[PDB]
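Undergrad: Given the sequences, and given the hints that come with them, work out the whole structure.
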Amino acid sequence: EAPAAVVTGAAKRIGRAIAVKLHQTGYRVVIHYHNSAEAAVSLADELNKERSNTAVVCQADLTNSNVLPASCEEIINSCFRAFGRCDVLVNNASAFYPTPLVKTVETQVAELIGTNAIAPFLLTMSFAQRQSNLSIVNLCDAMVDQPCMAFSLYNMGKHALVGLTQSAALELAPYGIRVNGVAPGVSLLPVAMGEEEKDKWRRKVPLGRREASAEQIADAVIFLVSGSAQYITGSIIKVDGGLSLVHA
Amino acid sequence: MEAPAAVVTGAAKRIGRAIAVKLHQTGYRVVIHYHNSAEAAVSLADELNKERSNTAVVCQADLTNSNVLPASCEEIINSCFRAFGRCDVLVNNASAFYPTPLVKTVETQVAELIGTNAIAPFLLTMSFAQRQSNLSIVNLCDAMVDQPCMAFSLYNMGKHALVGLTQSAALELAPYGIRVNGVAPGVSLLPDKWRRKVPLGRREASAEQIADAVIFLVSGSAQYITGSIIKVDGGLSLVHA
Amino acid sequence: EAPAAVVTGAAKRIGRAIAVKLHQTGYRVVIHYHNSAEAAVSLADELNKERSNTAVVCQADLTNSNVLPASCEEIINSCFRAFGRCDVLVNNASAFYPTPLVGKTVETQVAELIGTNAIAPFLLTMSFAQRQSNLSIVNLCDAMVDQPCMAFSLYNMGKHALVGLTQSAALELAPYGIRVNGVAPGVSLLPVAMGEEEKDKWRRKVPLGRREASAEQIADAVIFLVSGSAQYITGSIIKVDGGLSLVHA
Amino acid sequence: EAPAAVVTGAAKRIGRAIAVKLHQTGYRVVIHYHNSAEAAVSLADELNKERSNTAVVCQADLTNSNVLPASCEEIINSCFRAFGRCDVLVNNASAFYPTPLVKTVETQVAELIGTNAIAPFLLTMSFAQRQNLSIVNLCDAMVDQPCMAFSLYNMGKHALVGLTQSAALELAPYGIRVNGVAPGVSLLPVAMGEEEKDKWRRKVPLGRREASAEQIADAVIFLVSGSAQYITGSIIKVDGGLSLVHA
Ligand SMILES: NC(=O)c1ccc[n+]([C@@H]2O[C@H](COP(=O)([O-])OP(=O)(O)OC[C@H]3O[C@@H](n4cnc5c(N)ncnc54)[C@H](OP(=O)(O)O)[C@@H]3O)[C@@H](O)[C@H]2O)c1
Ligand SMILES: NC(=O)c1ccc[n+]([C@@H]2O[C@H](COP(=O)([O-])OP(=O)(O)OC[C@H]3O[C@@H](n4cnc5c(N)ncnc54)[C@H](OP(=O)(O)O)[C@@H]3O)[C@@H](O)[C@H]2O)c1
Ligand SMILES: NC(=O)c1ccc[n+]([C@@H]2O[C@H](COP(=O)([O-])OP(=O)(O)OC[C@H]3O[C@@H](n4cnc5c(N)ncnc54)[C@H](OP(=O)(O)O)[C@@H]3O)[C@@H](O)[C@H]2O)c1
Ligand SMILES: NC(=O)c1ccc[n+]([C@@H]2O[C@H](COP(=O)([O-])OP(=O)(O)OC[C@H]3O[C@@H](n4cnc5c(N)ncnc54)[C@H](OP(=O)(O)O)[C@@H]3O)[C@@H](O)[C@H]2O)c1
Ligand SMILES: Nc1nnc(NCc2cccs2)s1
Ligand SMILES: Nc1nnc(NCc2cccs2)s1
Ligand SMILES: Nc1nnc(NCc2cccs2)s1
Ligand SMILES: Nc1nnc(NCc2cccs2)s1
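Protein chains in written order, with UniProt numbering: chain A, 2 to 103, 114 to 142, 152 to 268; chain B, 1 to 103, 114 to 142, 152 to 210, 219 to 268; chain C, 2 to 103, 113 to 142, 152 to 268; chain D, 2 to 103, 114 to 142, 153 to 268.
Derived by calculation from the structure, the hints in this document are not laboratory data.
Be careful, since some hints might not be right.
Here are the simulated distance ranges between beta carbons [as the list claims (entries may be wrong)]:
{"no.": "1", "chain 1": "B", "residue 1": "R230", "chain 2": "C", "residue 2": "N78", "range": "46 to 52 Å"}
{"no.": "2", "chain 1": "A", "residue 1": "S152", "chain 2": "C", "residue 2": "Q142", "range": "27 to 33 Å"}
{"no.": "3", "chain 1": "C", "residue 1": "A40", "chain 2": "B", "residue 2": "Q60", "range": "47 to 53 Å"}
The beta carbon of each residue, even a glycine, is placed where N, CA and C say it ideally should be.
TA: Have a look at this one:
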């Protein structure tokens with residue numbers, strides 16, 4: 002009777018807040034993870050303590066390669082194995098690091124374009140081929165047109181994800197699958213980043229001079245998958261505190 | 001007094017009514033603004049006050065641009081403060097819509123099309139902010164703003180100006196904690220060829236579907252969202268010619 | 002015969018550079034001005050001294066009012082009275098100043123900021139089209164239209180409206196062979212009013228050379244758009260901003 | 002000292018026209034090709050007959066693979082070996098075919124994302140590493166109103182927008198400008214029946230025809246010229262208003 006959702010990169014940070022808030026809403030969840038095995042299992046434990054048999058984990062590398070289609074097929078298949086259905090796909094997993102124009116480059120291309128764009132395409136195809153309020157939500161980037169300097173590949177990946185969001189909204193609408201995006205500006209800052217750099221970014225945000233909580237991002241995801249967004253497809257909701265509006 | 005309060009312009013019919021109703025159902029007190037639709041405005045106010053008495057008032061004003069528009073807009077915001085003691089939400093919904101081919115005087119067309127669609131929203135936004152917790156404004160935009168209807172230059176200029184206001188006001192009022200966002204319908208309630224162009228189910232949006240996006244944006248679930256415009260268009264804007 | 006162009010606010014700065022560059026390419030020019038009468042006449046003189054009977058001036062307030070349509074009709078009429086034709090319209094004139102949401115009356119500011127930046131371009135476009152070869156319109160837009168200066172809401176509304184006009188008019192006049200495009204400076208000639216230190220703050224933002232656009236660089240893009248090399252281009256807005264619009268906060 | 006330009010996919014159609022018009026402006030050219038050797042060589046011969054030793058050909062597959070970075074480095078190097086310099090890169094080559102959601116899919120990924128996005132990135136990096154310098158990328162005016170069932174193609178073209186913007190921003194301190202030209206409907210497929218061609222043509226507000234190759238080429242010539250010295254990160258539509266037309 003309960004719908005089911007796949008969330009990629011759901012062990013930590015935003016994806017985890019997404020999976021949690023989906024579960025709170027009624028969904029059974031596949032918690033996809035790559036390296037964060039302890040966190041993934043520990044999230045699924047917490048969720049199944051609340052409602053037994055409502056969470057499973059699924060391990061996969063989302064780097065592009067000739068087995069990526071199979072991995073993506075397996076993420077979707079795992080949702081069907083555990084819950085008999087797959088109502089929502091959340092494309093959240095993401096590699097993020099600089100690739101200056103001036114790891115081999117082909118690995119960087121595989122990681123940054125694979126995770127951020129190719130895996131979402133492949134997951135979207137498998138989601139669709141396996142098929152009610154069906155929908156996909158892609159995690160985009162509010163700053164996609166005012167990119168971080170030296171992040172060409174990352175940015176290319178997120179731009180492609182906009183393209184996917186739109187193309188798949190158009191193509192899947194006849195099957196009643198909605199496809200939308202949520203575009204954070206500055207949400208949870210990289211664990212790697214020092215606290216002076218974190219406040220630099222925080223200070224740019226017109227609304228409150230702080231980053232988005234992961235929960236604030238999830239809230240937008242929840243709206244998009246909900247029955248209050250039934251006529252919404254191809255839309256990318258910025259959740260950025262106005263940051264994208266701010267000139268240099 | 002702890003129930004928040006909303007002003008919705010053009011609230012007597014169609015999308016504005018639906019927005020007023022849904023806000024009221026969420027627990028808002030509402031100012032139902034109207035220009036010509038007195039009977040309808042009052043009838044809605046009646047229905048809502050039957051649900052919860054003294055939660056709905058009406059306010060008449062022409063939103064055409066003129067020398068008296070700033071005072072009319074200021075009095076709309078005042079009416080919310082008079083009735084309810086606070087003004088938490090402004091929904092800029094009223095809109096004039098008609099062709100103005102490039103090939114009523116043109117200056118009257120400017121006054122109604124740019125006035126109702128952009129200038130009144132600007133003035134209402136100014137009065138709303140001057141008078142000031153989850154404070155927000157929602158502007159009713161247009162999903163087809165960049166693929167406009169042929170011969171609708173002034174309407175389109177006004178809806179583009181409204182994107183501008185949405186973004187400018189979001190930036191400038193963020194320090195006051197006033198969020199400013201937009202909802203952009205495609206084809207909603209018609210004023219069949221059109222229905223068939225929509226990817227998502229070959230139908231128009233109900234007014235309620237538009238309202239749903241407004242309710243989201245005013246909610247505590249959108250507390251970090253400002254300067255965003257959510258399309259509610261069933262994919263129509265994605266469809267090439 | 003030589004083609005003819007109208008340039009609004011052409012007495013000084015970017016408008017002058019546009020009129021000059023159009024005249025150098027072979028156009029006869031109407032130099033529209035509002036307050037800058039000495040500068041406009043002085044410009045027409047210089048151009049006429051390079052080639053007789055190729056420049057006139059035309060004074061008009063482009064503030065919105067009930068007479069704005071007549072004024073815009075008269076601008077276009079001036080070009081047909083002077084040159085027997087009107088091939089190109091450059092909507093360059095612009096009022097620019099803050100209008101904080103939180113001096114002049116607000117209705118005056120609306121009239122100036124929406125009138126000059128949007129309404130007069132719409133009426134001029136209407137007149138240009140109705141009074142009718153490579154016919155085109157170029158609207159001076161703003162590359163920062165989606166990252167606006169704080170407290171510039173009416174100016175920004177006007178520049179957004181002008182984007183809309185650009186697109187609506189390109190759509191609607193394409194059947195008549197009239198192209199409509201835009202040119203969108205980021206930081207070009209800074210306000211005369213602005214102190215050097217404030218100017219250098221803006222300059223420092225620009226990735227491409229950390230300087231503002233020259234007036235000539237803006238004009239070059241106008242000249243492309245009116246040219247035979249832009250015959251298939253309509254509804255395009257070209258940023259001339261040295262990458263400024265791409266820079267995050 | 003004549004400047005030098007690399008044009009990818011320069012043997013035919015839009016790329017050919019770009020190469021010709023660059024050559025007419027005074028550029029020496031590297032005509033890059035994949036399968037169209039005879040057309041590429043005939044263009045080179047034509048251009049050399051006009052001015053000796055001003056055109057060379059360079060064969061390379063721009064599909065993504067382990068060797069694409071070396072291929073892209075070789076293209077750029079061929080310009081320097083032939084002409085002693087490389088002033089302009091035009092990323093024009095493109096694969097284009099439907100990839101419905103409902114060749115292996117990874118080969119589709121390699122061809123569509125490789126030609127349209129990864130190869131321009133690699134080329135751009137090699138161009139920059141080796142340094153009026155500018156790059157022009159051939160984008161798509163319909164990128165936000167895509168053809169149904171062209172997700173991978175559209176993804177590639179959106180990525181190219183991101184490249185164009187990202188490279189503009191990063192390369193601006195080295196004085197390298199990076200821009201795009203976005204055709205709407207230009208030269209239609211070779212096989213497409215006229216009746217199908219006319220459905221597309223009829224959609225275009227400005228003259229109900231597709232853009233010539235030369236018309237697209239004109240915008241590229243503008244962007245590489247001294248008249249665009251402050252233009253970077255700009256994408257000029259050359260679409261006859263098509264992108265403005267609602268469904
Ligand atoms: N945080 C922000 O400020 C911000 C800003 C703009 C956009 N976003 C977007 O919002 C989404 C969530 O953001 P976030 O900061 O929570 O992301 P994140 O923590 O940087 O990454 C989320 C997860 O992606 C997974 N991932 C990385 N490489 C992968 C690979 N090769 N295969 C499979 N999974 C891989 C990781 O899983 P394991 O941990 O299991 O390895 C990781 O925990 C992302 O799409 C991001 O680009 C975030
Ligand atoms: N329905 C759609 O397909 C669609 C598409 C795109 C955008 N939108 C936007 O969605 C919003 C609501 O759409 P709708 O179809 O419900 O609107 P609508 O029925 O065209 O107009 C709504 C109300 O605006 C008020 N209004 C019109 N001219 C006025 C004036 N001079 N002064 C004061 N009020 C005036 C009227 O109030 P009185 O009746 O009291 O005189 C009218 O009932 C609008 O902003 C519209 O532009 C709608
Ligand atoms: N300068 C920049 O950095 C920059 C940046 C972004 C966009 N732009 C745009 O590029 C264009 C040219 O810029 P600019 O700096 O050269 O412009 P500007 O000097 O601010 O103004 C140009 C001319 O506009 C005319 N004007 C102002 N108010 C008017 C009115 N009420 N009636 C008629 N004319 C009026 C004036 O004519 P008189 O002198 O005769 O009175 C003035 O000389 C403008 O459209 C502007 O918005 C410029
Ligand atoms: N034609 C249009 O209406 C239109 C519309 C929108 C955008 N565009 C863009 O404008 C540009 C030029 O258009 P077009 O119609 O002239 O292009 P096209 O004829 O489809 O492709 C141009 C060339 O791309 C090369 N190419 C294809 N796959 C390749 C690979 N794997 N490796 C290396 N080269 C490869 C081919 O070279 P060989 O022949 O040598 O094998 C081909 O001649 C493209 O970027 C296109 O996407 C065109
Ligand atoms: N996977 C990720 N995508 N984008 C991210 N943004 C992290 C930020 C870095 C600086 C401001 S936000 S993590
Ligand atoms: N007031 C109004 N603004 N925009 C409106 N759109 C109504 C249309 C719906 C479908 C084609 S036109 S009404
Ligand atoms: N009329 C005018 N519109 N925009 C102008 N730009 C002037 C600038 C002010 C700050 C940076 S550029 S003048
Ligand atoms: N490589 C190519 N990219 N885009 C192309 N477009 C050809 C067509 C344009 C419109 C219908 S088919 S070829």
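Undergrad: Of all the hints given earlier, name the ones this structure violates by number, lowest first.
TA: Hint 2 is the one this structure does not satisfy, whereas the remaining hints hold.
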